[PDB]
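First comes one chain, alone, set out as structure tokens in the form deposited in one PDB entry.
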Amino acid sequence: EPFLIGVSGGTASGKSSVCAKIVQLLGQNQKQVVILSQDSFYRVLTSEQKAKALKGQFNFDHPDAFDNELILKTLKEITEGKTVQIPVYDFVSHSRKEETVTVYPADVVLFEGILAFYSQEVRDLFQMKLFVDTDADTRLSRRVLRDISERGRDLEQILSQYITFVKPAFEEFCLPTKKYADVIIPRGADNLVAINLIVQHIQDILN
């Protein structure tokens, strides 16, 4: 049975880097590990919803924006040792592509996303839940640079979409889930002492 860990936190808090660090420190001193991200499981937009998204009028930080049924199904079979296929989604296009990614059974499975703990059925599947905590302006400055490079978008649009959707959804949806975490990590990936404790806690659950 795979030991799967939920990881959450606000945007640009360092969730994906925290898991990458967990793998790198797990490999030294072979348990096989795979990292899935909730951003892969965005919903299939209709043409109306797609038009709203191009007008900047769609909330992609709302729980309903994620294919929670597919997340629950994909995670369910992973816990049952099966091989799963994982969608690939294009943030620029807001489309789920036809190609998928094969994920073979592993010993540890990190699932990363801003709302990984929102759904109770999904939440109870994680044997361990981590919440990454980072200063808001630090996250925003990472968010702004990331969104300029990763999608070539305008600065006035990033800041207006942040204030309209990202920040309110963080406070209404993501931040309340912090109470479900087993370990809260301040300073994100820079908290190597916290990560070390987590890594050794994983290693001795597997022994």
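Rigid core: the largest C-alpha set superposing within 1.5 Å between the two forms. Positions refer to the first chain, counted from 1. First, how it differs from the form deposited in another entry.
Looking at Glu156, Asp64, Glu172, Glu48 after a core superposition between the two forms, you find that only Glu48 has a C-alpha shift of 2 Å or more. With the core superposed, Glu80 shows a C-alpha displacement below 2 Å between the two forms. Once both forms are overlaid on the rigid core, the distance between the two CA positions of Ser119 between the two forms is under 2 angstroms. Relative to the superposed core, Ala12 undergoes a Cα shift smaller than 2 Å between the two forms.
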Contents of the next structure:
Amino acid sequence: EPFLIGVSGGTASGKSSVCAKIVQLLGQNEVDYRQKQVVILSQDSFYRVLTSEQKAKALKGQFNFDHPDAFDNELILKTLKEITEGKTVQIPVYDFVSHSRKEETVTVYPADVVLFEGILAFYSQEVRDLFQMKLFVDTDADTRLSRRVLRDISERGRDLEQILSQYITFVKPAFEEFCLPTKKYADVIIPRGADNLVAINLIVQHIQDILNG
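Structure of the form deposited in another entry, please, following the form deposited in one PDB entry?
Next comes a single chain, given without company.
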């Protein structure tokens, strides 16, 4: 029943902002949580719980959060399957500042349209096949690195050199090995991320049509 839209692109490409803008333009930020018609799920909500050793390494920017193994892919698939079945689900909340899953959770009631966004949203064939539309937010790597540096220092309490070390060591290689090869599965490529008002209004209009019947 629900129409699932998968959204991918590299880190800091604008995935989160594109999805947030779409939902805001659809007037969903005003709808009762129990009656939202369009919701956004982030693949990062499903990052795995780290062991003491792993967290230690994460604090030093030495843990690989960009490899498919960093995510609980079974939980992702099972949650998406339940959503397609019209079931109400609970989604974990991840804290990038402490590299941990919070205690609080977000309950997702049956929706008509679901946006699932993540750096590896198209990595798994099973997950891919669940999407009726696949969008890829394409932003150059150097541009994304500049955005990631500014974002991580000002929002995630990260140190510049740690960010750059983590990026060169893990983010870049994993993006090239696991994310780029999935771009070919996208139906539509969106450049300029959240500043692309034309592409965004196009998706908004399409979703509204789907909502109207």
